[PDB]
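Only one chain comes next, encoded as structure tokens, the form deposited in one PDB entry.
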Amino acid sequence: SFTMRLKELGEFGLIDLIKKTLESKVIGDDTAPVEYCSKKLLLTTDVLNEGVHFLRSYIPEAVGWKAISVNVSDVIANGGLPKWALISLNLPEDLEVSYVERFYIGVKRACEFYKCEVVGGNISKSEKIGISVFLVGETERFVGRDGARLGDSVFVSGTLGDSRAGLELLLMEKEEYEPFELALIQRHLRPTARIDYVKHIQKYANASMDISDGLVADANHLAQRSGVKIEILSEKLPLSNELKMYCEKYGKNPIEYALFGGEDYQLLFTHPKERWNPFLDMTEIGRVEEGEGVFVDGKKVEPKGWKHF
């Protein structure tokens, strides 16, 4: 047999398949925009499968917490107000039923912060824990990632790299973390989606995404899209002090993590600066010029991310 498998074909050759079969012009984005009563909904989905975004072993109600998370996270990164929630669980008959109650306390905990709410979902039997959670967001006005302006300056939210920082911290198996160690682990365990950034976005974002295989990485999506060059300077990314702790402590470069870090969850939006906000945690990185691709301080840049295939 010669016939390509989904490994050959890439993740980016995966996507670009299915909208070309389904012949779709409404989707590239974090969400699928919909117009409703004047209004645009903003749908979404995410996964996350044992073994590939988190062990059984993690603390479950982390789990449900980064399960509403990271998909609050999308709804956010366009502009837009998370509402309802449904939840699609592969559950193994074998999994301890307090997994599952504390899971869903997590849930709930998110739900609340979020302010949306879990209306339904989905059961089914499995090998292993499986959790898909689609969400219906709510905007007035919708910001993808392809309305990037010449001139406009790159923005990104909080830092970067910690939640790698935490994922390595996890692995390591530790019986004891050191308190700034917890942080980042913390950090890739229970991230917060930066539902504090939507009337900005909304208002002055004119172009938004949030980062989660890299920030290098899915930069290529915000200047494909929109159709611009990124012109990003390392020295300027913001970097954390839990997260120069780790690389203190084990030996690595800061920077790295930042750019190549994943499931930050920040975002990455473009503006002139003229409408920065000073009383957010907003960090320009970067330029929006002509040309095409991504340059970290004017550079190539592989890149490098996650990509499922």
Given for the second form:
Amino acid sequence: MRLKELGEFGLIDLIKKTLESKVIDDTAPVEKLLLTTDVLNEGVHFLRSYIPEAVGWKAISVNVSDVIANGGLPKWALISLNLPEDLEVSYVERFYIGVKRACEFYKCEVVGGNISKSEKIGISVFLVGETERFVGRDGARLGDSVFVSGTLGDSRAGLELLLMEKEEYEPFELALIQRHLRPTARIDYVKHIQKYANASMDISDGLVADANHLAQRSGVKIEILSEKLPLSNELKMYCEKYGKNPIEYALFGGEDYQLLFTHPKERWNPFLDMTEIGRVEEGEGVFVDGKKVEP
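Right, the form deposited in one PDB entry is done, so what does the form deposited in another entry look like?
FYI, this one's just the chain on its own, none of its partners or other molecules.
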């Protein structure tokens, strides 16, 4: 009866059902155009203490990471803000500074939006991006190797470091926090993905979770080798220092804003920090070190 008593899958299965819509990172519309939306709500995604500028940058970067994962380039953006009437004007000004910087970087732009009073800060972004070839979650192919960009787990260690509310942090800890607060979309993988990926997508719910969506969505079965997983130096250090398993972070790190794509091994780029972690074969599910694994 209540949204909470319904669970994860349950809610979306009803909406899609209600509308009877198979399209609910982006939605592909013809003209192609990639339509995307994301939300950052105070209390959940960030705190009012985090520098506004980084939140402004993130607002644009999250949407760009979805457009990018589908082989498209970010073009236009609509930013809707729910702000408490007693919010510092400087907060909003710094927020839009970060937004301007993200747009300058990714080469997209804000064209509109509106403001509404609210008990808490709610950030809702809309982004439109064009593509000459839609690359999604089903295109996988038998024989395909499985790659991921960058490293995994960083964003998770950073959120935990933030939750510790330390006064200051060591550098290795800062780089981790920055990866979670001011992430950079792999807009540098567009050419590669819009040209060689058979299957692609942004790792937003964590490796294991999204590799399933991948496997399921293309009737294929994926095999990943834990000791191939790209691990960063600060995640290693963070782990040793707070005694944890780097791997548990790479497999279940939630959103990392890195790409998870597939294509024949022959196509690795001489310039991208691409890392093969497994292979696409047979059919049905995802496996790690040989043992089936689920979220």
